[PDB]
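Novice: Now for the letters of each chain:
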Amino acid sequence: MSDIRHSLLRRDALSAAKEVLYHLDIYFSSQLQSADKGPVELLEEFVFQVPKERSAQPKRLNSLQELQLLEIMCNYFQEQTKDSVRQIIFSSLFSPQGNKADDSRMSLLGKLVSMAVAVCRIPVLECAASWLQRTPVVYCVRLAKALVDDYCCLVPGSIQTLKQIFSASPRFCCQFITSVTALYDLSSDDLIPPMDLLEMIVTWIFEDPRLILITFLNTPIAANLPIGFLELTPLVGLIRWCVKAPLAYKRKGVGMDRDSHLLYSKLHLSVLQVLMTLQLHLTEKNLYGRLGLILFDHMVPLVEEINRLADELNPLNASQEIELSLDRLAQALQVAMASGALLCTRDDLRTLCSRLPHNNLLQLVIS
Amino acid sequence: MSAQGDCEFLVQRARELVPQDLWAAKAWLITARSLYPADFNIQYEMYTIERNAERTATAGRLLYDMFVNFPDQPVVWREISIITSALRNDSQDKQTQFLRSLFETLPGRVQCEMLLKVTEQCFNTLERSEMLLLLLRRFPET
Numbered sequence: 001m002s003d004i005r006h007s008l009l010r011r012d013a014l015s016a017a018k019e020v021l022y023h024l025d026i027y028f029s030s031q032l033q034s035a041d042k043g044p045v046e047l048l049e050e051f052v053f054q055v056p057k058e059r060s061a062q063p064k065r066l067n068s069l070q071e072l073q074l075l076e077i078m079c080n081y082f083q084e085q086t087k088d089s090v091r092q093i094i095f096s097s098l099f100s101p102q103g104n105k106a107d108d109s110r111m112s113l114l115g116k117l118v119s120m121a122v123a124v125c126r127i128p129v130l131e132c133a134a135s136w137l138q139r140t141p142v143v144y145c146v147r148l149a150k151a152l153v154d155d156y157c158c159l160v161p162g163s164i165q166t167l168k169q170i171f172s173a174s175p176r177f178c179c180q181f182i183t184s185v186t187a188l189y190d191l192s193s194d195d196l197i198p199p200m201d202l203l204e205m206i207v208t209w210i211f212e213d214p215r216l217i218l219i220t221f222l223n224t225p226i227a228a229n230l231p232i233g234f235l236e237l238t239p240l241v242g243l244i245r246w247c248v249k250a251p252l253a254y255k256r257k276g277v278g279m280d281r282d283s284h285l286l287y288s289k290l291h292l293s294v295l296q297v298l299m300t301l302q303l304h305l306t307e308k309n310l311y312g313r314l315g316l317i318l319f320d321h322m323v324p325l326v327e328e329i330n331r332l333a334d335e336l337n338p339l340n341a342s343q344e345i346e347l348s349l350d351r352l353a354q355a356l357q358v359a360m361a362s363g364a365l366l367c368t369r370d371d372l373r374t375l376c377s378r379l380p381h382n383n384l385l386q387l388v389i390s
Numbered sequence: 001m002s003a004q005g006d007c008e009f010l011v012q013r014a015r016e017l018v019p020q021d022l023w024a025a026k027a028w029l030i031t032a033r034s035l036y037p038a039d040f041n042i043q044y045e046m047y048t049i050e051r052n053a054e055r056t057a058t059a060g061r062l063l064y065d066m067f068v069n070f071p072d073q074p075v076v077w078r079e080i081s082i083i084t085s086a087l088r089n090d091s092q093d094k095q096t097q098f099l100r101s102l103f104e105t106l107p108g109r110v111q112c113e114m115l116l117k118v119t120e121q122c123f124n125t126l127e128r129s130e131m132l133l134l135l136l137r138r139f140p141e142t
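Just so you know, the sequences run in chain order o and j. Count the first sequence with PDB author numbering and you get residues 1 to 35, 41 to 257, 276 to 390, in order. Here the second sequence is numbered in PDB author numbering, starting from 1 and rising by one per residue.
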């Protein structure tokens, strides 16, 4: 009834919102076996500090009452002990509902997820990872980039906390790797990975093949989702990032970032273990179906992006870097062909090499 | 079809990769596939470049399996002789201990066959007898 809503439409730290959420979750759990948009939208708007009326004042702003409500929600979610209920609540909270505070609601949901990760709410973190899997790559990747920018830029320890969570949660680690690859698209200066985030990623490359395998084995994959439902294998991003070592200097004075080549190369070297693990998981086992691995015909887009982005004085200043990047790309293509990740035959990338700088690695890739 | 040249280029790349991080050299060495069984001596040299316990264990597995696959390289015989001598004496070398651990990690039949091959190669009476005695001590059933 609307009387309960009115009784829950007062104060920004009110426990009535938590009681309403618990009752709705219990109703959903009771009816799940025999299985509303409006109630979830209203609950999110109440959390987002936007009132029930579409054009009324904000629901009591934020202040310390919003922090109290967030703490109460985190405490309830950690002790919720219901994967489906937590996943449904997380999906409802961070979905674009068209309200005036939709982006702020998504940002607050990401903030709560970061708080849960800091609180080591492992079941809640897993539910958030599943919700991100059930969310568009654009909004989820933007939220991940915002959370990474918030944490990594602070004092040391946030990278340590992220690495510890990645060691604990492998699905969250794979989602974070995919989100980092999507953010570090080599598109601009901001696309250059930050030092702390890159250090955490490089340090967390001991179980990256294991995390990728865990993400692959977590759930069978359907057809291509809408713009990517958190694809596990972000191999193209890592391969480009290794290639984009001189791109840090190219995008920028000019020589602002040039020492990251070795760390990226070390992180890229983990793909050999990932390639062998993927080969064992697909070719050796019965998982040799579909396209081998997550390719999505992105190899041609990757080659086109490499050709387009490398135009910044490739001839003499970055000749050695271009040749090394060509060798890395050839190694990635050979790994994909041997491991079966790229089911397509030749000329899919050999023709693309025509619009790339000539190197001995190009002949080696052709050979 | 320019296969020796590719091996030479890979050797030069590995030589240039010694100063840099070993992960990059390992990644470059892993994805070769063109003539890896023929260039397995280069892979053995790369595995012997690293001297960690895990690296030595992986070397003692992979290189031994390749040598069983390709029993015609004198480098395999040299490694087997070094492992046998390491078992006999000179325990002060950690790499010798790693080679001895790799030799003992193999099955008894494989170790007996390797010792028999070394003894057959050991034309000297003393060396052949000592190798046979060590094989009998390690493997009483041989």
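It should be emphasised that the hints constitute simulated quantities derived from the structure, not laboratory data. C-beta: ideal position from N, C-alpha, C; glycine also. Possibly wrong hints are sitting among the right ones.
What the hints assert, rightly or not - For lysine to any residue, the following SDA-like pairs were computed, each having C-alpha atoms within a straight-line distance of at most 25 Å:
1) o/308 with j/20
2) o/289 with j/117
3) o/289 with j/58
4) j/26 with o/154
5) o/289 with j/13
6) o/289 with j/20
7) o/308 with j/66
8) o/308 with j/37
9) o/308 with j/34
10) o/289 with o/224
11) j/26 with o/215
12) o/168 with j/8
13) j/26 with o/204
14) j/26 with o/142
15) o/289 with j/15
16) j/26 with o/382
17) j/26 with o/305
18) j/26 with o/152
19) j/26 with o/343
20) o/289 with j/57
21) o/289 with j/121
22) j/26 with o/284
23) o/289 with j/30
24) o/308 with j/22
25) j/26 with o/211
What the hints assert, rightly or not - Chain j stretches covered by chain o per the calculated footprint, using a threshold of three residues with CB under 8 Å from any CB of chain o:
26) 2-12
27) 81-91
Novice: Can the restraint linking residue 26 of chain j and residue 204 of chain o be considered satisfied, given a maximum Cα separation of 25 Å?
Specialist: holds (20 Å)
Novice: Against chain o, does the region 2-12 of chain j show at least 3 residues with beta-carbon separation below 8 Å?
Specialist: holds (count 3)
Novice: So if I understand the rule, the pair passes when the alpha-carbon distance is 25 Å or less; does residue 26 of chain j with residue 215 of chain o pass?
Specialist: Holds. Residue 26 of chain j to residue 215 of chain o sits at ~19 Å (cutoff 25 Å).
Novice: Within 25 Å, alpha carbon to alpha carbon, are residue 26 of chain j and residue 305 of chain o?
Specialist: holds (23 Å)
Novice: Can the restraint linking residue 26 of chain j and residue 284 of chain o be considered satisfied, given a maximum Cα separation of 25 Å?
Specialist: Holds. Residue 26 of chain j to residue 284 of chain o sits at ~16 Å (cutoff 25 Å).
Novice: Is the Cα-Cα distance between residue 289 of chain o and residue 224 of chain o 25 Å or less?
Specialist: Roughly 30 Å between the alpha carbons, so the hint for residue 289 of chain o and residue 224 of chain o is violated.
Novice: Has the given pair, residue 289 of chain o with residue 58 of chain j, been kept, meaning a C-alpha gap of at most 25 Å?
Specialist: Distance ~19 Å between residue 289 of chain o and residue 58 of chain j Cα, so the pair holds.
Novice: Taking 25 Å as the top limit, are the C-alpha atoms of residue 26 of chain j and residue 154 of chain o close enough?
Specialist: Since the Cα atoms of residue 26 of chain j and residue 154 of chain o sit roughly 33 Å apart, the hinted pair is violated (cutoff 25 Å).
Novice: Within a Cα-Cα threshold of 25 Å, do residue 308 of chain o and residue 22 of chain j meet the stated pairing?
Specialist: violated (31 Å)
Novice: When you check the alpha-carbon spacing of residue 308 of chain o and residue 34 of chain j, does it fall within 25 Å?
Specialist: holds (24 Å)
Novice: Straight-line Cα separation of residue 289 of chain o and residue 15 of chain j no greater than 25 Å?
Specialist: holds (17 Å)
Novice: Holds or violated: residue 289 of chain o and residue 121 of chain j, Cα atoms, limit 25 Å.
Specialist: violated (43 Å)
Checked against the numbered hints given earlier, this structure breaks hints 1, 2, 4, 10, 12, 14, 18, 21, 24, 27; the rest are met.
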